[PDB]
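Form deposited in one PDB entry, single chain, as structure tokens, below.
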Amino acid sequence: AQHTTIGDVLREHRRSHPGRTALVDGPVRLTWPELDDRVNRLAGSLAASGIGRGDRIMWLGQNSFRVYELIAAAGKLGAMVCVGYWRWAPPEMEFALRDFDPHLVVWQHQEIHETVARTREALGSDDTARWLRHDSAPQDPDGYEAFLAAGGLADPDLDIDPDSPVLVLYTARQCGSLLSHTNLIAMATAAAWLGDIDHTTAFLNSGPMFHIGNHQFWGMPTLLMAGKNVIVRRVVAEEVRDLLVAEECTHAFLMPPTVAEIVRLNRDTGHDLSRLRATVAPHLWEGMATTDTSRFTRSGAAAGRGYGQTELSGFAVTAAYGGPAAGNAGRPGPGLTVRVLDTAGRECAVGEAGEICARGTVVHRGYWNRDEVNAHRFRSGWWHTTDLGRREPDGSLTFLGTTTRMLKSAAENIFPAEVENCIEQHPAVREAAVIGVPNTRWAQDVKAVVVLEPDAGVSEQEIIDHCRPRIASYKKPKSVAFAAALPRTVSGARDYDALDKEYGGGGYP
């Protein structure tokens, strides 16, 4: 009664914004009343099929307007939706289905049908969920639309606890982070402030919904403020350009490579993209889009000056909160308190690296089906991020890296990320990776693999002496190797296993 849920957002919008367009996806266009009507029918069918409080629905597909519908329908029943990774190969898909154990699976035939069939065959006699094909013929009795059309118009009208999860997002051993109605609304509210979002926002949903990013910037704040969410299935520069114009989009999730592709296509065509408020790499648009002047962009937050993770409902610490910041992440937004805690659970001094810990409204509810990990990661009433950081003297925060990589050299635990960050402050260094190499007396020594800027020179020694004045002696590398670039995985992440193989790594705890 004194607590807003996602259901409450739609019920209010259908009354306050009867004529406004809420969702667009290909030829589908829905006003707030039309969306809320569909949500009600869908919730009606879900309830008749036995879905209620705590029940679970998995989405296996690319972006679609139906993801918003399911989140809201589920939300009106106190159920939850996992937006799964559509690229999962059969082993990972099987693992996610077995872990999350959905009562219903809404799947996409286009692009992934072979993987889906293989996975269902792999599940064998454990495949007991209902499966609804979302991109079906509209009359397909095993399809989403026919399931929805059999529902009635009445609102279920249940008292749903807003702390109950509604969106589940898998994060990398994969774990499902449980985001409540409260988490999402606090995130969206904070984001509306950051980005100056309102009912005139028109956001192109070109980021993956299996990640928190697209929801934060700006799927959910647009929904909260009654603006227009335009969906695209894949990112094809020509199609994106046409949607930016035809839907008069003010915001979109567009990374630099896609930006440059769009810009090249649009050069000298006269198609007008000036309504778009570019947050990422504004300069690359070459004046074709307007540079965003919201706090999000002006502060540097949009260029990466912040810290977050799914479990904090996204990018929850930024340089937009609280002014100039010495630390690379800025400060926590409202509804978040952050402490840097040492190994004993005590608060670190200024300058000292420790684990970033959090309390507040954007902290998730835990992982799905991880009782032990949850008990441990919430110990002493703080959420433990497994990310390493420090407070600066001005009060702001620096994010250093993960705590999940660790060296143990004799008695001492050493966090590579701390040493990496230290070496990366040298102006001659582009990037550094730190590994441990065996030492028969005390398990490990520290080794750095360093990638220099092309126009700079430093030696093994200058980089060791560079470490002396701000990291503890026992953390300095015993040797430095120089490389043209770091090895990376097919996904473009640092390849630590390949580092260990090339440079003699081992002896880890």
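Residue numbers count along the first chain shown, from 1. In this text, the rigid core denotes the largest set of C-alpha atoms whose superposition between the two forms falls within 1.5 Å. Only residues modelled in both forms are compared. First, how it differs from the form deposited in another entry.
Core-aligned CA deviation for residue 444 between these two forms: 2 Å or greater. Once both forms are fitted on their rigid core, the CA atom of residue 24 lies less than 2 Å apart between these two forms. Hinge angle between these two forms, smaller rigid part versus larger, from C-alpha superposition: 158 degrees.
Listed alone, the shifted run between these two forms is 404 to 509, counting only residues present in both forms whose C-alphas move 2 Å or more over at least three consecutive positions once the core is aligned.
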Given for the second form:
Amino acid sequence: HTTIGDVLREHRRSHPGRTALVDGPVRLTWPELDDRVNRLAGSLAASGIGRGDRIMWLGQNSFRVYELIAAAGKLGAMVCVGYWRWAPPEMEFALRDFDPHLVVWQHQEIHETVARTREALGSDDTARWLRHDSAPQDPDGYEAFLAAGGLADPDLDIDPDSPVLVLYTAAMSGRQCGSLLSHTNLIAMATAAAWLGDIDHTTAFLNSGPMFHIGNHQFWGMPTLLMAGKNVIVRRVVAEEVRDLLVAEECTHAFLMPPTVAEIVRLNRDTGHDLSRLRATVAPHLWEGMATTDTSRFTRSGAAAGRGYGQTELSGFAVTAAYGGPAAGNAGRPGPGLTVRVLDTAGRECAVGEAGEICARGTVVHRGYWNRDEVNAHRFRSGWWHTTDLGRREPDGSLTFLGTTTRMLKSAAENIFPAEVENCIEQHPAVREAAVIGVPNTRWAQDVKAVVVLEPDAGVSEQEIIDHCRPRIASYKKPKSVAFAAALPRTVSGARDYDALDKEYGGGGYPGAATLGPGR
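Form deposited in another entry, following the form deposited in one PDB entry:
One chain, no partners, no other molecules: that is all that follows.
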């Protein structure tokens, strides 16, 4: 069975002259990339990394993320792409939970957060640390570490069901879980995406989405890699730099949400820079004729506007309106390599039209979460992965995604789980309880809002509650407003009544049948 390592082994032979990666001045053909991967694998193995061992990336997007995944993959090891946006306590939690043998970290932009995180681990910090964006000769730097390795391919027999990429998600408990994506997961996801988006060796994809998110890997980093196209890296999304890279690298695809598109168009207008090679998937109307609207099924089906269903744990958008033709349901049908059933609370399959939990089996279902044996045993019960999302089958057999069962928010293209924010706010000594909801954002999706019950005789303002979150959770997770109450609404059972909180405090816009996709 094919592994990620085999993809690079074949491309170095079949596409010796083609450029595989561009990241600033760095440009690598398939053979140059595979050589670097082999040296890197050499040094990892010399550091004691082998099957089932673990590397953490703490940085923005880099070509080195692809090198590390491939190198680790050739050893049967796995790479966690941590989020550069995480606050120190989140980064510390991920480091302790994942327990990596190696941490590859970035100084630019996040040095302070990285330092505070390392400091906090104290003597529990057993990992080796390499700075990726170091001076070339830095002996604790990635490039020197890589250079010391030998050119030979490790040539190991790696089982492609081995986890190779780990993406933290699913923080419904207040703490994130690391989704284990195997070589086979990624290859099956990439294969389906190649049909969905008509990807081939001429594809040139700008990696302008966060590598912490499954979306950038699915659309279209991994299919581009699989088909031997060019992956162009950008560290962060800055409209001008994106525009220049679209032109300079003749990109055919990019991961760009509607606000960024509008910034690029405004900036490019009447400058004569030709963006016509770009196949616009998201908000194609905003490009004003500067791009070519994508003709692939991804865009024509409505999948690019949110007509589909998935999650990290299914290797991304695994159900779409592109599979199986016209769909009465909002999400369409499963791609090949996944089967789906909507199950009631007793684990019996729901009838047509009846809401239940979306469950799945097949090649794109992940291996489970890192270090969560009981969660895995429970969410895989009866041999089906339980998504925690609600859906139904329509009479035409298509699927409708109705909403979450976890009160998850989406805000500014991030997921926010209420318990992460609630736990943070409740750490405050003045706060007895906090409930977090989402309210409609003026453009798309939600803003975070907290409803707070103060301790008796304590007093703290809305702004103090918000600012309290700054050192503790990612910036995008903070409430944008806070309401105060003497008590939170309760159901008959004494559970928090989140429906009543939404009704009384302006909640709405949650992911589901009324709010699908990236917006406009």
